[PDB]
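Next up: just one chain, as structure tokens, the form solved without its partner chain.
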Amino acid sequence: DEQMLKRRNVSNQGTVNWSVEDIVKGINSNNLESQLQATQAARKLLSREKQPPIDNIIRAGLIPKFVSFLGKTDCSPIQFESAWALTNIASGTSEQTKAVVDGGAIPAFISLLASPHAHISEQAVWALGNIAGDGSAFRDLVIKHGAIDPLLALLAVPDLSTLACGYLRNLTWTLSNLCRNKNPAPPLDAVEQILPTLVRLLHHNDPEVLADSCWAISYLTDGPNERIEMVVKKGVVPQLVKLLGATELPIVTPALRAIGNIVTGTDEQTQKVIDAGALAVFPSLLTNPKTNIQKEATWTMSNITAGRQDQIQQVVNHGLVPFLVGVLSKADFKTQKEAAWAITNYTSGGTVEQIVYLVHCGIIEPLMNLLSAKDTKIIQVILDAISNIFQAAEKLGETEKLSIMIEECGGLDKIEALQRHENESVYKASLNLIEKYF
């Protein structure tokens, strides 16, 4: 969703607004100092707020020279300027990032991580973040060059608070990019290696470190139950639930994504978020003003009602059913569709006493009105729900009572209509429902 993939660093008046050809003239000279100003001039071009000349710089064949300056231990200033310049080139398109990698920048940047000058090592952290952020291949390539050890060694301190705020945020961000992307997913052992530190960052007091830490965890929980388990096993669920109640949307968003990912796992994994007290935060999430938080919360809900009956009960006890009736009644269409799933799921695995409660909460009408939507999949999900409900009524000899209810709110004058729907799964379902109850 919204975590920045790549980031450009846009943070000696003689080195201002130089011409690319002037920059080439200086870097090609055999004067370390002349090369230094030329590189700073290049970095300033790449740091300008509007349209950095990334392609012009690449075309001039400066990347190889810049990457070579990274190794000039004797002249730290040029190491910094070229690191910053390469960082910004790497923040561009895939082809541009490829140019940096093709120049042999990865091993050079990993070497700078251990630099005595924190501003230089920070630029290396930043650059590697941009490279890994390009995709799976480069992320795994950064991992193969041995970047994880050096990065994690930068956070190996008794108290993260003694570290410079900006510095910590860059490391956290870059680390999250090493956890990012899914096809393929990060090496298992690389994830295992990073998790402990990630777990430590999830407890830091900075909103930006927390936001990115949550994003990283959300990426790790996005996949097979085996992946979810390595995370859940670290005991972060309770902390994730806490961040779920945060004031800052940038924290709640990734935190709700992680929790939503976790509940797509086993019922045992789902039970962990329930035990953490996650449900108590949903009355807020399900009415949240930001439509995406609401949609994701309803999607998460739909995966919790897809669990055991005792888990569907927890949903009932927290008074969340009326909130689902609310989201089904009025909300962004995509959120409504998620509400429909949450319902159809609830009705497919809940007890009769539970499906009865669902109806007493007023689910029938809003469910009907939604049959008036042009999205054959939702109409299917809803029809599946009505059938799952009649089924429970049949067991109480209250099918008639339900038939009338659907009749009162115009439901039948919609199902009969659907009976004449071009899809076999729909005009079939309506038929059955009709001829069987109506």
Second form
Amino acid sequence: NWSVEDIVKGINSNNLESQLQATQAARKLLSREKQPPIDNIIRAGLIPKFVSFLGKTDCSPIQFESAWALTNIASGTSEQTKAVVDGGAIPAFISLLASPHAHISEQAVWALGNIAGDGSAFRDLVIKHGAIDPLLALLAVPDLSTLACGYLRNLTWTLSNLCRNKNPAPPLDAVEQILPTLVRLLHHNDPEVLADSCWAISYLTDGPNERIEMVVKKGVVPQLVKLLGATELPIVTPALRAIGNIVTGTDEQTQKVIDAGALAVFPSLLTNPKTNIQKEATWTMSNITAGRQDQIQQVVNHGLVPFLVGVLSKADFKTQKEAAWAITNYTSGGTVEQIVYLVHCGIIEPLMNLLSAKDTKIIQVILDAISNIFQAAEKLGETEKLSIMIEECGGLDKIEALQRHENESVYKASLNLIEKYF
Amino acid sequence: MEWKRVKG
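Can you return the structure of this protein in the form deposited with its partner chain bound rather than the form solved without its partner chain?
Entire complex below, previous chain first.
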């Protein structure tokens, strides 16, 4: 590898070919795994020279080498991405999207994804400079399979970064412009394209119900449910996040997920050996059980209540916390018969066992659930049958103890339970 | 999903 001193000497020469060789040397230096000297390159003042090389239509190799050098600077810290932006790189890269050389266009796609991926402001600045139209034009072919696989993956990734980040979320008009191309990529037979399109949809559904509706209205929920069943974990993870985001919305949006067949996948998701999949599947279930009684009934009919008992009984603690939420939502919204059924599937003992957790929130959530179940037992006149039952698995003792507990609503709710029913 | 990517 050249020294930065020698790179500067070549780039400052009055010889395009010497400048090209020094830019290639910079690209290779910036491409090394252990500790590329990005800040030294920036301090040498080389970004403005790279940016001017982007505009050299008559010398496509130096366009490519400087684009690659800038991509690797823009892939670093936010301060390093800012330095690239501050050199004027955004409009220069957008101009290269139309290049007849596919490797240059791809480099510009990559660079704009790094810049937009830095955060909301640079994302929106890339959009204001007009990146979306020429990016989408690169996919305006009748069959995506004629594109080079790596080229297509790069485009999908950059589009997903334009859908990414919040406060603010991407402009509504930009989302509507990008969404039809995302729908297409969601049906493309490449695992990495599918994964990144799912990530893009996961970003677009992470927000208010109006944002969810823009996605749901494009009809993608059945495809997301299909991708929930993929064997590739990199596909299932964002597809599940997208589905979980959608069921934070209205009852009608939640119903489209159920109508699409999503509940049939949850026996596997709720026992998945990847901890994060189990956690997000249980979180998703907790928002479905927060729904209407007929939606709780579909959870019942699909045999998913035993699986909720399972995750409550044994899972990573954060997953068990989501299961507690699922149970409190179920018993808050459910009919008496639905709550009786929950008790018949064995919810009481694992609920009580979690009262030993040193976590105030889950104790509150569980106490709420227990009160909800007693209210159903009152309507049936069977409060004592439930009391004896809490007693027999050791639940009374753990409720007694929380009378002596720091947090106020805990001992409040704990006290009331023992008074009224014990 | 990776937020930024180095081309090696």
